[PDB]
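A short write-up of the structure that comes next.
Yeah, one chain of the complex is gone here, protein chain that is, but the others are all in their spots.
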Amino acid sequence: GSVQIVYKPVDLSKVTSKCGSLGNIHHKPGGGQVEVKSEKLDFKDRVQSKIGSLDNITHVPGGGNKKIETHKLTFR
Amino acid sequence: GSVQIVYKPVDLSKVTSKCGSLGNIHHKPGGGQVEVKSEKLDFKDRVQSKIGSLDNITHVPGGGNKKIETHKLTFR
Amino acid sequence: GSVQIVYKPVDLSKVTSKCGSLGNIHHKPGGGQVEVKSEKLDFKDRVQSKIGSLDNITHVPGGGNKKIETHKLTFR
Amino acid sequence: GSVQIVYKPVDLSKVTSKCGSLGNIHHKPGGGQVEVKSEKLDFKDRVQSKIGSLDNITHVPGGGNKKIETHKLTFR
Amino acid sequence: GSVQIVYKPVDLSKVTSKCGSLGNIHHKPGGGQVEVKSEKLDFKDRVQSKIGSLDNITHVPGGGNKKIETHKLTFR
Partner (left out) sequence: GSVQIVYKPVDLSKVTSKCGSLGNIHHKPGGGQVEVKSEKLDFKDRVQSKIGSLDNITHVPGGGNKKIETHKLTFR
């Protein structure tokens, strides 16, 4: 029983961008407040907890062009 | 039982960017406050906890062009 | 039972960037405050805890172009 | 405004007993077992707790004649 | 405003007993076992706690005749 696989993907894909000018970006929130309360925590597996974050983020890239791929060949 | 696999992906993909000027980026939040309260914690496996963060981030790259890939060939 | 694998990925992918000028980036938060309270902690495996961080980050790279890959061939 | 109280209770009450013979009293339980489990306890006032008793009592008095009273005169 | 109180209780009360013979009292339990488990305890006032007693009592009085009283006159 001969088995033959030829996994040969091609890609020629350009992600481009042009922006004239980034500027005058203000970010001035008026504060904030968090409060959490509990008694016991029992974690057991691959838990990803977050309890009480107060983020403030200003993310100004001149690019930002993302390109994700994923290849998975499986055999049994 | 002959088995033959040819895993041969090609990629020619350019991620480009052009930005004229980055500037005048202010980031002036008015403070903040967090409060957490608990009694006991029992962790057991691959836990990723965070309890009470107060981040402030200003991330201004002139690029930021990300490109992620992943290849996984499996055989049994 | 002959088995033959040819894992031969090619890549010619350029990640480029052009930015005219980075400048005048202010980052002036108005302080902050954290408070955490607990009694006992029992950790058991590969725990990644963080309890009460107060980060302030200003990350201004002229590049920032990331490119991640991952190859994994497995055989049994 | 004259006020006059005359609190004058009388009592002539006899509590008697006659028993011919006390004897041959066996008390042979086959053991026992208790198990309690909790995390936190917060008590705050005039609490009367009991957690996990395993009493075995043999109380053989030749008398046992109890006589309780209570008098309370109150004025405002 | 004349006020007159005459608190004059009388008591002639006899508590008697007669028992011919106390004897042959066995008390042979087959053991026992207690187990308690907790994390934290916060007590705050007039608490009367008991945690895990294993009493065995044999109380054989030839009398046991109790007689309790209580008088309380109050004025304001």
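In order of appearance the chains are A, B, C, D and E, and numbering begins at 1 in each one.
Rule of thumb we're sticking to: a residue touches a chain if its C-beta (ideal position, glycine included) is under 8 Å from a C-beta of that chain, and two chains touch if they have at least 3 such contacts.
**Student:** When the whole complex is taken into account, which chains on show are touched by the absent chain?
**Tutor:** C, D, E
**Student:** By the contact definition given up top, give the residues of chain C that touch the hidden chain.
**Tutor:** 39-40
**Student:** Take the complete complex as the reference. Which residues in chain E touch the chain that isn't displayed?
**Tutor:** 1-76
**Student:** May I ask you to list the residues on chain D that touch the chain which is not drawn?
**Tutor:** Contacting residues on chain D, toward the hidden partner: 31, 54, 56, 61-63.
Everything that follows uses one rule, which is that only the chains that are shown with their structure count from here on.
**Student:** How much rotation, in degrees rounded to the nearest 5, is required to superimpose chain C onto chain D on the basis of Cα coordinates?
**Tutor:** 180
**Student:** In whole angstrom, what separates the CA-based centres of chain A and chain C?
**Tutor:** Here chain A and chain C have centroids separated by 10 Å.
**Student:** Could you tell me which residues belong to chain D and also touch two or more other chains?
**Tutor:** As it turns out, chain D has residues touching two or more other chains at 39-40.
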